[PDB]
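Let's have the full structure, built from the sequences with the hints guiding it.
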Amino acid sequence: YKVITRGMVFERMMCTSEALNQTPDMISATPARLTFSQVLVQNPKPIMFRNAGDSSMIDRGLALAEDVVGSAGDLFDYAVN
Amino acid sequence: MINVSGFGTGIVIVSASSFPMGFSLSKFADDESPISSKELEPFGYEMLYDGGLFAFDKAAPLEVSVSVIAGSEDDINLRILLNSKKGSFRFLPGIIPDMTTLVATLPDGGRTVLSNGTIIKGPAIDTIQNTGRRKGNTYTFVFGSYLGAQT
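These protein sequence lines map, in sequence, to chains U and M. Residue 91 is where the first sequence starts when you use the authors' numbering, and the numbers rise one by one after that. Residue 1 is where the second sequence starts when you use the authors' numbering, and the numbers rise one by one after that.
Hints in this document: simulated from the structure, not taken from any laboratory. Please note: incorrect hints may appear among the correct ones.
Said to hold, decoys possible - Label pairs and their computed distance ranges (CB to CB):
#1 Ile148/U x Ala60/M: 18 to 26 Å
#2 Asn111/U x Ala149/M: 38 to 46 Å
#3 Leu110/U x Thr140/M: 56 to 64 Å
#4 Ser145/U x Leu92/M: 46 to 54 Å
#5 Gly109/M x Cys105/U: 25 to 33 Å
Stated by the list, open to error - So these bits of chain U aren't anywhere near chain M, every CB distance computed over 10 Å:
#6 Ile117
#7 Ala122
#8 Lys135
For every residue, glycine included, the Cβ atom is placed at its ideal position computed from N, Cα and C.
Here is the structure:
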């Protein structure tokens, strides 16, 4: 969330704590104390790109390719269809 | 000369839900001040460590109080307003039952449009004085809008 209090814009904010208070001093409304904390990020300003072709590549590491059974005939029928 | 009289003053109280059309206060008390408001404080000052002064804004409620004769229709209407819990009304980005008091002071035409407010306190039952005559009833409202004065 982004919290804008008084001309003081704060980005990358998440609610850390929150406390409601129900007392005979306020029977209709309820006072509440919220506390947010900023999420520290290595780059405050990131670099992006417009078109969808030109990402920097991301590597998935070792995957341990899982196992399926379809035989080559099923793959061939799928490619034919 | 300047006429600072108070005769002919009228008040029109219109509430968002209790009295959408509103009622009129004309019967004011004789022992208590018919209208009494504490001094507004919309500014504040702080002392710098070099002896200097800094001036800033503060939140300034306008606490007005109107006194009416015990048993009158205005007193009954004000008691009905007092006995209206805020939790029994639908809520809008505005204020629980927003009630405004149009104050027409004298044939001078001074109109005050105190708005954005609500009642705060008042007497539930009439108090019988030592003299035997019921005390005038003073009901206090608070407001956040205090502009609109003319002439």
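Tested hints:
1. The given range of 18 to 26 Å is broken by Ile148/U and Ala60/M, whose C-beta atoms sit roughly 58 Å from each other.
2. For the hinted restraint 38 to 46 Å between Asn111/U and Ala149/M, the CB-CB distance of approximately 39 Å keeps it satisfied.
3. For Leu110/U and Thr140/M, the Cβ-Cβ distance of about 30 Å falls outside the hinted range of 56 to 64 Å, so the restraint is violated.
4. Between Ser145/U and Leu92/M the CB atoms are about 48 Å apart, so this pair conforms to the stated range of 46 to 54 Å.
5. Hint check: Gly109/M to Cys105/U, Cβ distance near 53 Å, so the stated range 25 to 33 Å is violated.
6. Non-interface call for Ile117/U relative to chain M: violated, since the shortest CB-CB distance, roughly 7 Å, does not exceed 10 Å.
7. At the 10 Å boundary, the C-beta of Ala122/U stays outside the reach of chain M, the nearest C-beta of that chain being 16 Å off.
8. Listed as a non-interface residue, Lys135/U keeps its Cβ farther than 10 Å from every Cβ of chain M; the least gap is roughly 34 Å.
The earlier numbered hints that this structure contradicts are 1, 3, 5 and 6.
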